[PDB]
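One structure follows; several queries about it will come next.
Partial view: only certain chains, each at its native spot in the assembly.
Labels run A and B following the written order; every chain starts at residue 1.
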Amino acid sequence: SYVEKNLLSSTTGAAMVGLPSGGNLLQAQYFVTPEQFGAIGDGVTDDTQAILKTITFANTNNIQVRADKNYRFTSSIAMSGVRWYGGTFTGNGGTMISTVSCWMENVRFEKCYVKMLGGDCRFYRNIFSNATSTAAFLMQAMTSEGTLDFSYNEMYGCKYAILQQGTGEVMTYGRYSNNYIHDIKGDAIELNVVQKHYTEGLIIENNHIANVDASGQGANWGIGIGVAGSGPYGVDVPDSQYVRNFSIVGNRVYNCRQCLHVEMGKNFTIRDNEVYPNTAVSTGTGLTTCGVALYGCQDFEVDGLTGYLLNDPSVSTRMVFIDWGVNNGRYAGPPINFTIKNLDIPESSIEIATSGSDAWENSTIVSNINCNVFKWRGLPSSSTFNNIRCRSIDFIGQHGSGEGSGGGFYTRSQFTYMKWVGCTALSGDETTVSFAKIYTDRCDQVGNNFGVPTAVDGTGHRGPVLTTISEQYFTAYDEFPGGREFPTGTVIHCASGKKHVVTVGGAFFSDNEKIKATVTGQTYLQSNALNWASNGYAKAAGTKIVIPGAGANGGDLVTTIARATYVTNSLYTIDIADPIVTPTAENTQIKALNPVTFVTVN
Amino acid sequence: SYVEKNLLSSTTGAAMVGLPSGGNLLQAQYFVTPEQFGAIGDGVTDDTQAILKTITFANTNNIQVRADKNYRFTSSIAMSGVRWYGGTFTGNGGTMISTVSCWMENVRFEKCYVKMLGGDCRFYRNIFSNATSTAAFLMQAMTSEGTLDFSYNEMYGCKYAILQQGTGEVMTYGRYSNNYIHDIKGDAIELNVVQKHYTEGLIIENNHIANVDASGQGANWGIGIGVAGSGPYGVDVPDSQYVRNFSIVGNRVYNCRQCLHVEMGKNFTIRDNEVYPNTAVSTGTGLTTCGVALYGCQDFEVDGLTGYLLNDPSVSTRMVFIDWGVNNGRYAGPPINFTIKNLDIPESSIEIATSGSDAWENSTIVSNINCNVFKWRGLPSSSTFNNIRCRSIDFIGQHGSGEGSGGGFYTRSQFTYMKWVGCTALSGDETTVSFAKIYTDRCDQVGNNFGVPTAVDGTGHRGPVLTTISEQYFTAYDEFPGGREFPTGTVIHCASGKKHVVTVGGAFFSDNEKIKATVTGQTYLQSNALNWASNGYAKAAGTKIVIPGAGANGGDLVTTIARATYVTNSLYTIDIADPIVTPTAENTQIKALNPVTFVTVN
């Protein structure tokens, strides 16, 4: 009347054991484990065949796998339809596990990698550690269309972490969110030639990436997050060559040679990312150091960016780099129809190369920027520049050969529009801007601390020649205000009713100016003739001046007034931004860099 | 000395089996399974009663349920306090499972739906598939106050996915985050008449929604994400009728007739959503196609929007639609106190209808916009418009009957303020704006490529009559600059000291202008008399001109200069934006659309 030794060991033996529910143990087997198929789980014993039987059994009976041990395996394993919770797989270094419609949580993939081959796959709260394959999580040549949620995983110690190659069946939708990827030697997330994919959306969001160092590795290795469509680049190539409708939002990329990269992307947004590039990592892989690098892209925004470069600024300050593509050594595919905005990168610089044509429109917006150098090439059909705080401007509109990517390639004889509102180029006391070849038919400009010159490409080609009057002042006195630069066209209205019109932009310094002798290294000047605390002979900080003979080897010294008139040692004094190089003798003149001409009415 | 066959099958039988811990199997029963209560799990056998006993046992003993099979059930199941992990429920199509204070993970609800009835409920990493009930996840007539975290679930194949009806006990807090909802025939997330709910917050964030097609379904079906308070609409109805303090952030809604909808919302934010409306889906359900539709709302912002419409633009370009509500065929409840900003939707259009009164203030801000048509009705007590790039402006301030929602209903005789700074209305070569009925006491305007006319509603009612001078220019020459439009009040300062004041805004074209004969379809004009490459007879691109007799049936052709003066075939030439319709003979005049009048001082 007792249970037999046999039968209890049979495939129905658990049916003999009662449980508090009133059912039996056989009814409690909601899973299988690899140990039930012979796995040792010691991380050393070869468990490959045990794993294969588990997968076969789970597929055939549609039963989830539970595991907690460490399964050493030595050759490829194919999985289809499996739900797997827990455990560690330990490959040879780069051994492959393929998944079709697989759901995996709390798994550690040690010294191996997962290759997704199709279906609806889901990966949560896993660890991918120490892979020596090209990628730790690979999407390539899928045999059926896929969707993917790849979220809250941690990946480290590998080469590429997440890599997609766009051959095969399409991924229609993918979310890559809240992963933690660190201490790797390839890209953290690279989606290569995926223009056909992600029709219903690609979203790469809230990933935290740290220490991407591809030193000594292959070409292009070491990008933080990268998305690539298909060449050839070109302003008019078909929409189907581009990766479209995707977003890269809220990620953090620390200590990486090139944090964010897109080429041949269209209709996309790069929003609120935080990046810390470093010239010193991924040595030899050929990447241009920066936070955001975009090539040949159209119809996109960069909206919100923070961080700074970790290397010394003398090596690089490049943070935003928006450029043409290249086909076989020839530039092609200017970026067009884009918005750069809300960047908070005061230490770091922006470089943009675009274009404009009669054959297609290009409308650009740059807005709400805090940066270091703002460097720009190209003349869109319309370009607006609003609330840019920068430390210098390096700007050429219709740039020619030798003046930047695609110089000379396109021109636009039709209506060309530009606007500059509320911008500030200022570093300490210096306002440092350079503008050229702005062949605009209309240019509105207000609220800037500088004037923007526009140019004419052949007589009559941009309408009547006009100068926008951006500054007008009132003085309670009649004498022209000295020592302060005014652009051409500036009007001064006097309380008496007189008015001055500036016909050659510049500043007034009397021909009777005399300064005290100077010595090398001196950063102030003192008056030996005129009253610099009068309005007519005043000295305004920010004004560019020339001190004859005071520069290197007796050249003229061009400098900036750093502090306006004050009295010390009973003399009128100003400070200059650059020290005297060659000493000057008593009663040397000082002059404006740009001497004003004005006319007076009444 | 051997175990009996009986007793081992008893409810304590597992106590006889030793484990490596040194305990017994009975101590390892941390869960129950449905199979322990007779469930077959084959998806075909009716397991309803087995499921009910499981729920009873789990509730009574506070023990979690584990499952992995497929439980066909055929009538309603009520659950309270249950923690359930895994398995598939398969109903008849719309069979109900109710939950009170339930926690569910990794469950598939197939052909059935969950109805939440109260407590603190949590749903993670579930699938809701193929429901034929009205909603797949329903909140209605809760019998106790609730909180809800509904996150990282996938829902598809249903009618409504998530639906709340606000009757019963309140949901005090709810987070709906990171769900994937697709291929449905009702709304993806609809919270209807929930003004009493969400005192401690409603947050709808980072959901990815795709393919919402309610064609052939009931009224209003097919909204992407919708939130509704209670009628009647009205500017002064009680705060308690509104859904308040909620947020809709970071969602993606692809291929949906009306992606985001709020009515009777107050103190809310719609931030950084990406939407792709489509006129072709939800045929017959009566929705206005767009990305964001807001009715009767107050104290809100739309901050950040991307995407575009999937249908052909000839059918619709409507993306943002902010409008009054309607009570029984009468408009009521103008939107007031709102901010529209940071929209990146260059292909798509914005339509806003508001109002202003002496009885209440309405302060509006529209800022940092990239859009197609900007259409506006209504005159707030203060309205600011900053850094708007658009392709046309269609604007009426105090709009009357027949000119938009609520036209004529309210007026404001007190101080009314408006500002336009740094805006651009431009499509290729055309600046296309229409303004009327701007009855402002002060209007500041700078940095725009157009002038904003203000109007007076009865003599003296807006102070002395002033025209803001928005443009002033300098010329090195005395002749008036030809061929370029200047608003009324424009001042031209000459290097000689002369000045021109524009007393009737417009452009100068000499009465002696003669052009060569033209033929139908021609898009250029050539001079037969004057030197168009002189400043006085210049031709600026963007200027609107009239070619007598060249329009349809010999009407005048109003067009725009597309390219300023150039020489070809030894003649001064300009391009026009619109082709000649009716041919013109040699020595026809060309004129400004708006002929200038100016006076010259000196």
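What we mean here is this: contacts are C-beta pairs under 8 Å (C-beta built on N, C-alpha and C of every residue); 3 or more make two chains touch, one makes a residue touch a chain.
Peer 1: What number of copies does the complete complex in this structure file have, with 2 given?
Peer 2: 3
In this section, only the chains that are shown with their structure count from here on.
Peer 1: When the centre of a chain is set as the mean of its C-alpha atoms, what distance in Å lies between subunit A and subunit B?
Peer 2: Comparing mean C-alpha positions, subunit B is 28 Å from subunit A.
Peer 1: Can you check the complex and tell me which residues of subunit B touch subunit A?
Peer 2: That would be residues 2-6, 8-14, 17, 25-26, 29, 31-33, 35-38, 57, 61, 66-69, 86, 125, 152, 178, 180, 182, 206, 208, 210-211, 250, 252, 254, 272, 274, 276, 304, 306, 308, 342, 344, 346, 368, 370, 387, 389, 421-422, 424, 426, 428-429, 446-449, 471-476, 481-484, 493-497, 532-536, 538-542, 561-566, 572, 575, 602 of subunit B.
Peer 1: What residues of subunit A sit close enough to touch subunit B in their complex?
Peer 2: Those in contact with subunit B are residues 1-3, 16-25, 27-28, 30-31, 63-64, 83, 124, 149, 151, 173, 175, 177, 200-201, 203, 205, 245, 247, 249, 267, 269, 271, 301, 303, 337, 339, 341-342, 361, 363, 365, 367-368, 381-382, 384, 386-387, 413-417, 419, 421-422, 441-442, 444-447, 458-469, 472, 488-489, 491, 501, 503, 599-601.
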